[PDB]
Amino acid sequence: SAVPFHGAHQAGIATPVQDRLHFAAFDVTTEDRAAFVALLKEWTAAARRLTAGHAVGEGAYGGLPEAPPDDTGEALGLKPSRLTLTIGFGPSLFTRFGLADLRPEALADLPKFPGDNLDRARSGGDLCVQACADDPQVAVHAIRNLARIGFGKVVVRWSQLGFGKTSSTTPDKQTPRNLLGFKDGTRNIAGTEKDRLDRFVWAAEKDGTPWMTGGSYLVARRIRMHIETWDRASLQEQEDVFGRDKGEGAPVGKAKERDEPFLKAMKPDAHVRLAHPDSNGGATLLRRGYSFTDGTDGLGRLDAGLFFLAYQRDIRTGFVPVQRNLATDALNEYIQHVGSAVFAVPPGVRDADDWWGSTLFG
Amino acid sequence: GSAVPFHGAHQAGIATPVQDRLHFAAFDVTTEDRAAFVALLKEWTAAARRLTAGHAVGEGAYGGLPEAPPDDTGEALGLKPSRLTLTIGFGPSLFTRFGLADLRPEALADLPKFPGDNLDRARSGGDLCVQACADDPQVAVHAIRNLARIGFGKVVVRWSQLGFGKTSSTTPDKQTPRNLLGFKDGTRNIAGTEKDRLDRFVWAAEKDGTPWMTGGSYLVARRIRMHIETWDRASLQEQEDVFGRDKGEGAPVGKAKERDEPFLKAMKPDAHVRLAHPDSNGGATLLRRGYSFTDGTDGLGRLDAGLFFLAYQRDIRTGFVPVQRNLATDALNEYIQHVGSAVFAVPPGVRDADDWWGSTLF
Ligand code: HEM
Ligand code: HEM
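Protein chains in written order, with the numbering used here: chain A, 2 to 363; chain B, 8 to 369.
Be careful, since some hints might not be right.
Here are the simulated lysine-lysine pairs, PhoX-like style, with alpha carbons at most 20 Å apart [as the list claims (entries may be wrong)]:
| no. | chain 1 | residue 1 | chain 2 | residue 2 |
| --- | --- | --- | --- | --- |
| 1 | A | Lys174 | A | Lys257 |
| 2 | B | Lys87 | A | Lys174 |
| 3 | B | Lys49 | B | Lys161 |
| 4 | B | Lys181 | A | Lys80 |
| 5 | B | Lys181 | B | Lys202 |
| 6 | B | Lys181 | B | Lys49 |
Between beta-carbon pairs, the in silico distance windows are [stated by the list, open to error]:
| no. | chain 1 | residue 1 | chain 2 | residue 2 | range |
| --- | --- | --- | --- | --- | --- |
| 7 | A | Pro115 | B | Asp127 | 34 to 40 Å |
| 8 | B | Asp127 | A | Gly63 | 36 to 42 Å |
| 9 | A | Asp173 | B | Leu107 | 47 to 53 Å |
| 10 | B | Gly67 | A | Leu300 | 24 to 30 Å |
| 11 | B | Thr200 | A | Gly63 | 29 to 35 Å |
The set of hints was computed from the structure by calculation and includes no laboratory data. For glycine and all other residues, C-beta sits at the position ideal for the given N, C-alpha and C.
Can you make the complete structure from the sequences, with help from the hints?
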């Protein structure tokens, strides 16, 4: 039903992946650091309510008739729906509030990558809130109300709705398929792998940035798929792109999805061969992205793809080397990176008196 | 995950319980070959039979020739039917082709211009539509994508619309969903069990003057943007006054329970429910079946969202048009704008495994 909001880490990273996503990047409009801290506190209080399935503030009705209700009401009668709300701080936040020297060195700007076609309006952002839930209206409600609460101090830079499995009728160990029709997530870091999370996902104090201890670094990439071109490719071409077969998802030369891959048997620019840690100095990622389908473009083509999300202990040692190695990926023919942003995701809200960003702002 | 039966006197997706998700696609016809279009309808009907049963189209998603593209694009593998329905409709512009001019139904009336309209012509109209409703958005998108692919060369997607959550009800025994203004939407609709009301208000009859449409219905679609910023500034009383129902319970003003019958003269003379009620419209009654949408931001700091309004009726001239005309003075107008529109004649049902979409017309 619900996922606990308080913890050493923020929820929404290691906790089980929910069916839907509403991701929002915000820009900060206030220049007053105390006013911003006041928002972080007010947002933290709202998130405690939202993630327990309650209305923010004094609620969505029953208040004074002349007052706007504190909560806009569209989640009334719904369930917590495993909602998690994960906040992150983008590089540009640290140019405000005297925060320049507290920007973590592990919050690296991404290089330009071959084939990039980034829409600047749907890239970057001073802040992010990742809202994950099984019910998309619960996630949209949470983003809508956080934006409302913050209006006057923040605005919404860009917003992305995503989906994965529908858990009411899809087994939870079952690997979801992306919109190219392939299983996506087979060889990933799982939230159960607490030791691997310490090695590859969570910032440690010794890493250089004490306030980020127990946080993580997030890379977001809005990746369009050339659906109609991909659907014209042969089965063999599609399986060659990835190094796994389509129906079972097994590596080339293996029978079972989760059999470990034999990379030599894949084509040299197969996606799995290029992305595997063995090909990247051991670099390993927690992938947590969602499919999207926004509509139809002007040409009749499906505006669809993957909202790619990766959490790692250090952007410089996670996403950057893996994505760099994808320069020659056979998959590049069928995809285009069209938005990008990075965020430092602080440690968790430790108890009922803690607030988002308290380790950064004090 | 259960299956909604595809065959019947009527197409499913109308009186059917309203499913959680929508992918709605408008198509333009590009072939002038009536025989090829008829062949397309039969192929589409065959594919819909598979899709609505949770099966892959054609020869399947894999296991064919390596050199051939798979028949089915594969992203619904391992999913369930998820109450998928696929409902096809024919726009007025279809009847300019294939010698159909004289078969265009009188009840398929063009809408008048309405005050406040700001209709995007590129996301309005359409030679035909397919409404895909399912509890799993991936199942809905997979259905539309594969129908469009099967139709490559004969039809093109003109525009499409995703609905992340329903704002309608044909099941008054279940919870009435809320729209993004936070109000229950669908309380006083038509239920799938109200067979007499469906015959009276929804299903075309032979005596109505268009024999091929007996057992079909007529669909109006309106993409309605919501002025969320302005709404969220409004007091609780202003919001409740706009509709004529309270917000929490959704009861008519002065009533304690959602489904207590309204006393209209107690509502403001411009209240939405007062103006829309059958008694204010010569008994005109609609089956509403819309969904909420988001569409990113306005580029200027604001979430952009709305409601994809769908109404089924026995005759557009005695359903949507008189009601929408009476909404000319609606208090709700301050908070919405109609920005896309389309009408379709939705043919009778696919009677059995030998039948095909549009067989009574063609
Ligand atoms: C639309 C874009 C993409 C699609 C469709 C896609 C698809 C896939 C598929 C089908 C697999 C095999 C199953 C699995 O183990 O998860 C996979 C694996 C993987 N992908 Fe991607 N991927 C995309 C983008 C990316 C990006 C941008 C990165 C990193 C920069 C990435 C990194 C990885 C990694 C690390 C693996 C696991 C490889 C292993 O250790 O065996 N992918 N991806
Ligand atoms: C964003 C646009 C709209 C919103 C937010 C909205 C909202 C609502 C709400 C909250 C109700 C009361 C509960 C119910 O009985 O369903 C309602 C009722 C109704 N609406 Fe709307 N509506 C919109 C557009 C329309 C349009 C365009 C039409 C027709 C042209 C329409 C026709 C009706 C009717 C017929 C009723 C039921 C009245 C009765 O018999 O009591 N609505 N609407």
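Hints and how they fare:
no., hint, verdict
1, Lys174/A x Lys257/A, "14 Å, holds"
2, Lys87/B x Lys174/A, "16 Å, holds"
3, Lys49/B x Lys161/B, "13 Å, holds"
4, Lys181/B x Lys80/A, "15 Å, holds"
5, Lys181/B x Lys202/B, "18 Å, holds"
6, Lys181/B x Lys49/B, "36 Å, violated"
7, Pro115/A x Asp127/B: 34 to 40 Å, "36 Å, holds"
8, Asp127/B x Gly63/A: 36 to 42 Å, "39 Å, holds"
9, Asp173/A x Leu107/B: 47 to 53 Å, "50 Å, holds"
10, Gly67/B x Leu300/A: 24 to 30 Å, "29 Å, holds"
11, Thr200/B x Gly63/A: 29 to 35 Å, "33 Å, holds"
Of the hints listed earlier, the one the structure fails to meet is number 6.
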